[PDB]
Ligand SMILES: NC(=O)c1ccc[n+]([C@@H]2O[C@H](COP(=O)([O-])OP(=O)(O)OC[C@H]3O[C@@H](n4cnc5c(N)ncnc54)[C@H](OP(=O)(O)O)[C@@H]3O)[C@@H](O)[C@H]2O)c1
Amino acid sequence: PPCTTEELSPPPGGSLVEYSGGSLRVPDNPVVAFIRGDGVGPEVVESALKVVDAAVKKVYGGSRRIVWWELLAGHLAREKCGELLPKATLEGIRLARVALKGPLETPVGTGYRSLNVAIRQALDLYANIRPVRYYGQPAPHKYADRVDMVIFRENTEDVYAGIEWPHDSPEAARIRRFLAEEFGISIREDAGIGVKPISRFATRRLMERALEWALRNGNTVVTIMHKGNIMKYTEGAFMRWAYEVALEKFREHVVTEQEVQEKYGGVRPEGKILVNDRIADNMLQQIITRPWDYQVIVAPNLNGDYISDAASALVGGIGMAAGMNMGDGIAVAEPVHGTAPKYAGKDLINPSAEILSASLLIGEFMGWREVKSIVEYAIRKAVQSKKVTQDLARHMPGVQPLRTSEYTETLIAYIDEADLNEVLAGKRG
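Structural coordinates of the indicated chain alone, per the form deposited without the ligand:
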């Protein structure tokens, strides 16, 4: 693994994924960067590589294969390179355009998971994508099986921009003074102050990727989650700008709820994606009450975070939550969960989240749809056969849980002995 730029060298037998025009060009022997990360990262990452390779080999008869290229970040970069996040790692991802990473440990004294943030910002990975699916595991939601969503979250603005000042700082006092004198606005002297920005530019690019995802996956509904009745010029504007870019650039593929009832017989015109919106609080209540009415959810930073987390709790998949941050022609997949130190190196951790992150990177972003299908099948199969790691064996009395390595081997056996005839029913290209 590389510590410097000159050391950057994609492994033998692979070709770089390319981004020309507005499309990703994926060779059959694509170089894909991977970062082991910290805590359970190495374990779950190595599990993901094995499961995906078996998946790739199985569905494409060996004509395709990933050439994994290791890059370093976290404890392994500190140990080998003397630093947590070498420039060479960021340059490497930008070169490969696609990478799988394990969770990273947050440097003491820095802003939350700052390393993930530094990576996302350096590569302009503005879209956070969190799919939430049910794999048959025990869940607290009676309608867990009816939860099949994907959250497209704007990941650069909102209160996450970090614009805020302590209540007793001179800056805050200055801002309070400016607000009263210039706008006659009164804010208590003992109030902390935060600023919430939402832009047309960030909203449009996010909505566009979401609409493209919908077309790619054949989704029939895209929902804008916002609290526009309270925050009119931030969240309301977000909703407004998202609707606009939809009609402006996807006019022939979309229809709003208004147009559905108005211009049509209140019925769905086939081939058209319904683009609607829901006030955030109502949205939370509806995924709980009628999850089947929702598929793709578009939201600004904070609402996106809350809605995807709640959804994962409903399907019993908090620990299996997969994710990916995408920019233009570039993406980095990673599980939602952290480094889980209490399980690090014990061969006990559930690798599903990291595996599904890989599946998300290769099956969706890279287009190898069949890979995703065979992977989700193997997982759903393992859960049904109760061949799972201890976290899932919680609601399975009598079940002898599997170690990480054994769960990996179990998924690979389901992949190899799988009947593609039906497993790949209506998905190909």
The other form holds:
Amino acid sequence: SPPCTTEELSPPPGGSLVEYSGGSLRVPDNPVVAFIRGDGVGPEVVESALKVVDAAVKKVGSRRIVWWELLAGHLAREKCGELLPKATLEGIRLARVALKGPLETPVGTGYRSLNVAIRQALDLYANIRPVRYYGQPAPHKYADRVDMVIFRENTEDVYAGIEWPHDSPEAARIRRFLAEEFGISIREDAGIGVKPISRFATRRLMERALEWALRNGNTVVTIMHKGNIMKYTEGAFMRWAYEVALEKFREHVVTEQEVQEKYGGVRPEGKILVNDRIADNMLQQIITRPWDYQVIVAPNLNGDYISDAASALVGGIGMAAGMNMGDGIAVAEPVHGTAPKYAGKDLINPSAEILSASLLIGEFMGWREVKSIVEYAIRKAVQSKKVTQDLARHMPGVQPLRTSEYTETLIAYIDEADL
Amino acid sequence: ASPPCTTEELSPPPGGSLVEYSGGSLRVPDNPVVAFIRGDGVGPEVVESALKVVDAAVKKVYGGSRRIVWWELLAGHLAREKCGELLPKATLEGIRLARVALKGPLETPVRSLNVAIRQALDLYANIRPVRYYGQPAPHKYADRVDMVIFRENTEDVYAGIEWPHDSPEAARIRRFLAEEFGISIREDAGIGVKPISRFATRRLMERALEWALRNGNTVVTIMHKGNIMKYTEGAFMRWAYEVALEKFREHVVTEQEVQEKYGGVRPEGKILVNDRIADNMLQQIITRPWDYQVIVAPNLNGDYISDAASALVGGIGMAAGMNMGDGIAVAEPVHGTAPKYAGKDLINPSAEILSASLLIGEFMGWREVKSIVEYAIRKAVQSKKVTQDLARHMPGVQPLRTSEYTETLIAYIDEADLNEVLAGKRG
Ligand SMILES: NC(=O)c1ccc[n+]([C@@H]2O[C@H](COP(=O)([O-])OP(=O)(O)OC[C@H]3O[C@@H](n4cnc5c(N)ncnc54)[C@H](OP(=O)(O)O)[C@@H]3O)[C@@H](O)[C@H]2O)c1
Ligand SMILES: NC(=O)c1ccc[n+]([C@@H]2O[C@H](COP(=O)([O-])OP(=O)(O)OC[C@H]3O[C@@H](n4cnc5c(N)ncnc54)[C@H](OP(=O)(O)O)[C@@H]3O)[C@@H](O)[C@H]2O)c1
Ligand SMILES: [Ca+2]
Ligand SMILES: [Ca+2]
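Target state, the form solved in complex with the ligand; input state, the form deposited without the ligand:
Next comes the full complex, and the chain you just saw is listed first.
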């Protein structure tokens, strides 16, 4: 029975907890990993994920995941009478690692995003969204040239939730303050939002992007910003990112505005090109010239937009994995949300949730092999035309498979593999 | 002739009649005055080409019943040369009198001339059609992209309200927010303000809906991130749906009604009015472009979506555009002055031709001119009779000069079979 309160404290029976100390992380081969089923298609895809990884971890014995169910969204509301229990947040903070499905957020009305509350409460400041081609039917002619990682700032920007309705007294006070003190005029019938971008949040992120690039061998890191129009938030974001790159990683980093002076127009091998692109231009560039970009560093909103756009190029967000990464704590979560029209239809693509599960367990926790069996199986299922409707659409002849039958295909690919 | 520098020199050309705007009605005579501004860099070359192509088109389809009377106004380097200033008030007054204008790109002074024009004339709606003309394109489904983006062009984070992180202004704002609302903002943060208003949103959506009725568009999609920004983007969405039901009820049906009141089977005749969360909208134009036509968006969202759409279609150098207000429109290409091509007879004039086609064909109601110009451009591309920007993606193809491409388009227009080219596309 899943925990409703802080009083209901209870790591699953036969499992030690993941630990974090001195910088390093310890994964006991007996780890507790928290799971939230989520909303809409969520329960469907989370149910694939554990099943699928439970077959993967079984191949290459010493280990096994003990899944620990925590409640958020409709299931928390049906059981605890609230949407995001203190305990759910505590329980992830205790397990240190979690896998979550999508949570519903109402538009214009209702409660603030529970996905954002989790990211903000748990300080998961880096949203890491790899964009990869696995052979799936795709709308982009050169989808196989997209191989990217988005480092999306996960705490501030308009996501801070600072805004007031147009007809609130609070909006009217801000209108009055801005008119009297700075001579700024805002219409009486305007809603008002505030956009903060800080030095601390952007540096933090850029540093993680930098080290991610050095660990994987990435050679280009691109800052996506609309700094020509928003000089003091987006432009500042760009300046602060360049600054840390040159301060802490000088030897590993080069500028474009330098390559064209000291390196005769060509990026020297062993040195990461650090460049930047105006946000609308960046959207065009991933479409027109995808092979020229690798690590993309963005404030919260730009990062949200670019990651959805890039995943669509390679087949849609049905394949799009994610990781909300903080210092010694991560929560795996697909790019895609709730997809309510597909909710209880056995149609949805579980790949994104499975690959988030693999990104957590593989890259973060350290079980690299679960990543590759993880990748091999999807690759095989894909490069054979056994796919859910979202991929099957972008190809003639290809009959589509249900969620359950796609997952039972993956399972068989895992159990029957030459390691 | 000689273009005007002063109000008193303002005289629309002989043979022409002024487009009128009285009530909410645009009255376009058979011999309409249309202002044009040559502009800077490649501007004169592409404007010149657009006048010639458009004139051949109107003569062909209307057989001398109709004829545009072009009226030259100055802005940019020609205004400097002739008048001593970059943007004479007379040019603004000229556009206001004419109601319709084609302009070339303008150079940014070392305040921006384009922004000064939209503000003086209150051109609040930025309109960007995105269509496929047969170009080499990175989208497998490029030929399924046929869209128009209605982008609100006055508010949002583009209003310019923001302060540096170390300003005393920013510190005052941090203090004010902390004391009055208990909001904490970091000491090292830049601060921007995002306003979205009922009035600007309604005007925009109204123009979008009117376009949808005019052109037979059957879907209008509101792009917003209203789940996160409840009171700006969420309000935009709510206000846009609201005027659709208030001022277009009988013509319109809502996606919420379709799933609830109907079978999922959108009632025949009606324009579907729906909405997509902005990140999904970016995915949707790439995965399911055929489901979208008119897209209505706040300033930033509109900027991002129209550029992404143009990239799908290989139309970046070819993108047409228009800024529209109440009785008034100025068409111009998306592209800039392309200074290294200037005067070289190498530039692609298609974007400017298509801005003219947008102005005349779509805003002035002269449909047949749109149909035949688009017919000619598609035929040129199919024939590989194109300028270097397109020819570079066509192995072995000898590129045409601007002037040669212009004359090729004219010959396709002149020799066209209107029985075929205007089937369903007249009146
Ligand atoms: N943080 C999160 O986990 C998360 C993420 C995004 C959204 N959300 C929330 O979810 C709700 C839905 O918003 P939305 O409809 O804009 O976004 P969405 O749930 O991501 O749905 C967008 C579209 O993507 C496709 N799609 C998504 N997941 C798929 C999968 N697993 N397999 C195959 N196709 C898939 C479907 O496309 P087609 O229609 O073209 O078939 C779907 O209509 C909102 O309340 C939003 O706030 C939560
Ligand atoms: N419409 C407007 O009034 C407006 C809009 C934007 C910019 N501008 C102004 O224009 C100036 C231009 O700046 P820029 O240096 O960035 O040059 P640009 O005008 O943006 O052109 C850059 C590149 O785009 C390609 N290109 C653009 N339009 C093309 C077309 N019509 N046909 C074929 N190729 C085309 C060219 O070829 P390659 O890519 O092969 O080199 C060119 O080098 C700026 O000062 C800016 O203020 C004005
Ligand atoms: Ca998103
Ligand atoms: Ca733009």
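Residue numbers count along the first chain shown, from 1.
Could you tell me the angle, in degrees, through which the smaller rigid part rotates relative to the larger one between the two forms? Here the smaller part turns by 18 degrees.
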